[PDB]
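Every protein chain except one is present and positioned as in the full complex.
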Amino acid sequence: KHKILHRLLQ
Amino acid sequence: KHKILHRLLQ
Amino acid sequence: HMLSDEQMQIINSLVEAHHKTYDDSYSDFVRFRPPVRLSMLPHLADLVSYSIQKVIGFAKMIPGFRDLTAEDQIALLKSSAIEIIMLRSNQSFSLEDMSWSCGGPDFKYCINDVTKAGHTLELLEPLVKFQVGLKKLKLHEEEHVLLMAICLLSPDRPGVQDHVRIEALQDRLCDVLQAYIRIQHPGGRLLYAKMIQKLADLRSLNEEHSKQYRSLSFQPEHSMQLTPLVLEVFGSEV
Partner (left out) sequence: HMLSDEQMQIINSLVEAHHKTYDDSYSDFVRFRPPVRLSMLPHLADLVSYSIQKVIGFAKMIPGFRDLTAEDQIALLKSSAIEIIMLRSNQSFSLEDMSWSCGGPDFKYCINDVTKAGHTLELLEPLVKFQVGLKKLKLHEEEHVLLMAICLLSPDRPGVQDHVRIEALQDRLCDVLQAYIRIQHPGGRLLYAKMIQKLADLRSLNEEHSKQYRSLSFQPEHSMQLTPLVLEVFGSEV
C-alpha cells in the first residue's frame, strides 16, 4: 500500500 | 483483480 | 512589529522550496500525453500526476514535515494533494481569459476543456469562482507559499495520527503568515482572515472532486487513462 508515495518521500 | 482486462473483454 | 530570525528562515526555505518545484515556463508539459479538444483526461491526468510530484517535492522541504512519520507524511499528502494543486494552479490562472494559461495555446485550459475530462460544468463553476477570489487577494509569493504549507499541514484529515504535532507545525506557520501580512503587506488588515476562509472553501472543492473522481475511478475504461501515482494518491487504500 502506497509504494510510490513512500519511494518519492525518501 | 484484473478489472481493466475484464472491462476490455466485454 | 518585526518578524523573528526563525520566522524569516521559514519564509526563505519555503519560497526556495516553491522555486525548485514550480516552473513558470511550463516546459515539462510537452512530455505529457497531448491535449485533445474524455479526450482531455489523458493530458489532465498527466498534468495532475506531474503536479503531485512537485507537491511531494515541496512538502519534503516544509520545515518539520520530514520529521513526521512516513504514515503521517502520506495521510497529509493524500488528503491535501488536490487542494495544494488547486492553490498552486492560481499562479497560472488569468482573470483576462478565465483560464489557466500555461505557456502555449495548447496548454491554455478553459472551462470547456476541463469538461472533456469527465467533469460537469456545474461542478467546475465553484473552482473558477475560487480561482477568481484567490487571484483578487493579489498574494505576495511568501503568503502564497505559506498558504500551501498551512493547507498541507491541516490537522482535520482522515488518516492523520499525530494531530498534536502537525497542529503545532500549522500554528507555527499561521504565526509566520499573520506577522508577515501586518509587517510587510500594506492594506492587509483583513487578509489573514480572507485566506483562512479559502482553506475552508478548498475543503468543499475537495469533497466535490472526491465524488467526481469516484465516478471515473470505478469505470475501468476511464481509470485506465489515469497514472499509477494519481490512482495511488486518490485511492481509498490505507
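The chains carry the letters A, B and C, assigned in the order they are written, with residues numbered from 1 in each.
In this section, a contact is a pair of C-beta atoms (placed from the backbone, for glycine too) under 8 Å apart; a residue touches a chain by one contact, two chains touch by 3 or more.
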Touching residue (missing chain; options C:183, C:224 or C:238): C:224
Identified contact with the non-displayed chain, of C:34, C:104 or C:159: C:34
On chain A, residues whose C-beta touches the chain left out of the figure: 3-4, 6-8
Touching residues (missing chain, whole complex) on chain C: 30-34, 36, 42, 46, 223-224, 226-229, 231
Chain not shown, touching residues in chain B: 1-6, 8-10
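The definition used in the following text is that only the chains that are shown with their structure count from here on.
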Between chain A and chain B, centroid-to-centroid distance (C-alpha), Å: 27
Separation of mean Cα positions, chain C and chain B [Å, integer]: 33
Residues of chain A whose C-beta touches two or more other chains: none
